[PDB]
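The form deposited in one PDB entry is given below as one chain in structure tokens.
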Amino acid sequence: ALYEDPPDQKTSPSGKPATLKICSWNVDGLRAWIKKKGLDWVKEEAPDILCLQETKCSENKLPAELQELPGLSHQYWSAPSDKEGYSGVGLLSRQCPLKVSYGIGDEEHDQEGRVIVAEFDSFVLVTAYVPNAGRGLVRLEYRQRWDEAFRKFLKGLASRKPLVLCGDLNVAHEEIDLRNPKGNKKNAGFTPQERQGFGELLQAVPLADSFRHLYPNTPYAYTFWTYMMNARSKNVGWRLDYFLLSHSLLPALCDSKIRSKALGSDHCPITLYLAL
């Protein structure tokens, strides 16, 4: 079945206006995405903070267009040292963060280009591109060990400010989160192991899934569709992209959006409105 995201709720449950708009997008090759007009869409969305995953681009190769974003002038980029044509993440912000760091503990030695942490006045933002279990699950055990290291890292953050974790967490948590649950239980993104890891992430940190909090029983809401077999035209998809929030931020949560119509990748953007 097709899906139509409901209108933007820009007011909190207690009536407070949203003050912060965050957009996250796995762009599947930043340079390709820009050629497919992805930045034109970003300009229309006008987020305060933009988080990008799978940039597949070292910072020296960023298109000049990215320098022509006055409203997102503070930009932080990370790419793996070994395999530059893969992974890569970015965080772009209207206001300058207080602190920016990279990775989950040892990036200076294992520069993976998957995680950026930025502290702002009232909250800490983490964006992540979680490692894929791979075709045939050949890297599933590495993904499980990474999941564990990531949980521990997030739990270990020194700041007492609430956390927003966003990005491509590369798992459909529950059956409602993809079109073909039965057929994919032995595929990357929907193994019991990855689902369990997501459940453990939520419990251990702890975090709430902003979209599912607001729309607990809404099916056919996806953020990824394989380029194969015209899957997007049939809305045969997976919800892989999340905004996860500290419990203390739920009163500030206005809406969590899925921007189904925005093209340029095999993922679509997601957008968060907070009243801070």
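Positions refer to the first chain, counted from 1. The term rigid core refers to the most C-alpha atoms you can superpose between the two forms while keeping them within 1.5 Å. First, how it differs from the form deposited in another entry.
Residue shifts between these two forms, rigid core superposed: of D106, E141, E175, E148, the only C-alpha displaced by 2 Å or more belongs to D106. After superposing the rigid core, the C-alpha of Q203 moves by less than 2 Å between these two forms. Once you line up the core between these two forms, the Cα of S159 ends up 2 Å or more from where it was.
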Given for the second form:
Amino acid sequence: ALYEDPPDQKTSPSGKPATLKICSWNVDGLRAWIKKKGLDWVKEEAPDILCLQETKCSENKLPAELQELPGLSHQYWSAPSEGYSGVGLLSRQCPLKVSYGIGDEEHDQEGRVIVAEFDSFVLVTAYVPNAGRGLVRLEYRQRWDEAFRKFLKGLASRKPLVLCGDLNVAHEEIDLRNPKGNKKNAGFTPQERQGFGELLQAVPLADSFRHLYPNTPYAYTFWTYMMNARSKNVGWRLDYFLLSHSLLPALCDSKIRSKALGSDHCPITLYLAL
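Given the form deposited in one PDB entry, state the structure of the form deposited in another entry.
Chain alone follows, minus partners and molecules.
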């Protein structure tokens, strides 16, 4: 039933030390997050880049603490034109360029994607549309998936890419506690899984965590608040660090910060040697 993230690996396979630390998190509401000390966590983590999903808070209504963030001061935010969706990206270093959405008006209205370009790569963070209760949004989800894939594909074609976020899909069975009982629930439908795989193959992208821990069970990033889930380790692996194959060599580690509190999701951290 248990999962214990292994120790941070801070050198590349080739022996180069990690130079870049990226942390991703779905915070389930900025203010609620800050409230249940998420900020303090970040402080200890001290990433160079911080990607947040589910801010459910507009840039105009941003909490004060945030701007103060000492080591991460170039901050961008996107949210629907309050209390729903929205994403953010905070960096130690200033990106070459920041953009939003995926270039498709239909999919660009809920503040779900930020694109930040750096020297040696491009970083995309996203909070993916959930299929919903009763798979009522499944069809929309599928359209999204296709449009996203295409977008990413074009991006990668130009610059090596790193994609992170809450992708709202447990890839395979090993990716969740109860595959059987979830095949018809958002996040584990065949449609969704299929989409993910396509993403992988088509971009193409590699699943960082899975790449390093191919046979590791019990490793989740989301547990429903309900019915004591987190406590019983009844979760899903919904958050990823997807990488362009060319970055594999620069890969040091992909972590799952199990114990970090503040949301129904836990953070994930990526170490790259650039």
